[PDB]
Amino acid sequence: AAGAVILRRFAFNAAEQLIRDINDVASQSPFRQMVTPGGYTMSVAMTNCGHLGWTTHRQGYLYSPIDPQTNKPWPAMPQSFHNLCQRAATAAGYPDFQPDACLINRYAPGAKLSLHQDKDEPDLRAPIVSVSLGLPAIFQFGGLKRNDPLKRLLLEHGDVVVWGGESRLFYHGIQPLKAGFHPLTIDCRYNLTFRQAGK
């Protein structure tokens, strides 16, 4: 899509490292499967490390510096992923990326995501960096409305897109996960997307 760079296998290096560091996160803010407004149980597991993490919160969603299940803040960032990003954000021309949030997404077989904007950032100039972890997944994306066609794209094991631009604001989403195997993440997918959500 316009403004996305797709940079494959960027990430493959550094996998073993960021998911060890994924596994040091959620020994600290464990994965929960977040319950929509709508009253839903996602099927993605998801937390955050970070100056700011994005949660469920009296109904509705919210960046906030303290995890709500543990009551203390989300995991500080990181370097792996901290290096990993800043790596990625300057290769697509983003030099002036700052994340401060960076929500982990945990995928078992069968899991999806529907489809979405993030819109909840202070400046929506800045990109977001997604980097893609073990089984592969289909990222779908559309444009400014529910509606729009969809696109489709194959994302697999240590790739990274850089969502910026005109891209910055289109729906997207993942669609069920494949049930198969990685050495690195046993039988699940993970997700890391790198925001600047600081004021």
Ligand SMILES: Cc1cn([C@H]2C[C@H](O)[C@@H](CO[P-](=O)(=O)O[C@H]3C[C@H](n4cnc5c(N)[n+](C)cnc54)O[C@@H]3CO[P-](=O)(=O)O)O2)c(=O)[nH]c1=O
Second form
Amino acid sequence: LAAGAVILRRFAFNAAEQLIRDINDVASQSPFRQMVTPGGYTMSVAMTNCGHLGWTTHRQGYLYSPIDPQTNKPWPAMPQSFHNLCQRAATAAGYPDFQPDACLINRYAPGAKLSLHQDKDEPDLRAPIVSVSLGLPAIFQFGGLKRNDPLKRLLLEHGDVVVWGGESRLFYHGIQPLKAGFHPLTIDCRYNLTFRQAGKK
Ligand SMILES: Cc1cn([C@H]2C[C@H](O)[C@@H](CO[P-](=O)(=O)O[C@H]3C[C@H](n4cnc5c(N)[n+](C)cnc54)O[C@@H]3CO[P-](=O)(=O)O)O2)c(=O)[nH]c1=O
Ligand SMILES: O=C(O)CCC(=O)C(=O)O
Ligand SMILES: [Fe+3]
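Can you return the structure of this protein in the form deposited with the named molecule bound rather than the form solved without the named molecule?
The complete assembly is shown below, putting the previous chain first.
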């Protein structure tokens, strides 16, 4: 029950093996790292980016940068497999004009979590975010526009795609501590890809 959200279960199941290979290729150029929040805390989720712009912490805040601050080189180009999956998902959900220029890649080891937050660094909050889940299952939690709104929970499994549009694009959301387990393609972790329109164009 999330206004504006389109859940496409197992939409990415047939693409997962290529997606994971391309994650590894991206990570060999811009490695996974645990960023430090403006509050001074080290995140348990490891992240990297591909595309023209990448989400990062920097100067005690959040922003999109064309340079990876850990490598001092541009983020790797967005793989074609990523772009094609995102476009197919966005078109199926009713957002044919969506043109992402950034993809944040999250890696969750057992016990890793992501506390409640909103995604508000993008210039046009009318553009959706496309989320792709790979590997171990996670409990996704989301509330509302206010931090105190009631929480709902949704299990996200390998291959699930969610297009967060309309009101749901602005919900507070997070991930609960990942349960340990085995997945044949990721072994012991979960990956999440979130495609964003980050450029002011
Ligand atoms: C309070 C406490 C914590 N910890 C540990 C435990 C915790 O996991 C770790 C920090 O990791 P995090 O889960 O809180 O990550 C934060 C950053 C993340 N976030 C925000 N904006 C975005 C965004 N646009 N995108 C794309 C992605 N992620 C985003 O959401 C979180 C809240 O953000 P903000 O605080 O509101 O700035 O610190 C302690 O040990 N002791 C303590 O007392
Ligand atoms: O892992 C997920 O499914 C959500 C990730 C997320 O909300 C973010 O990185 O902004
Ligand atoms: Fe988020």
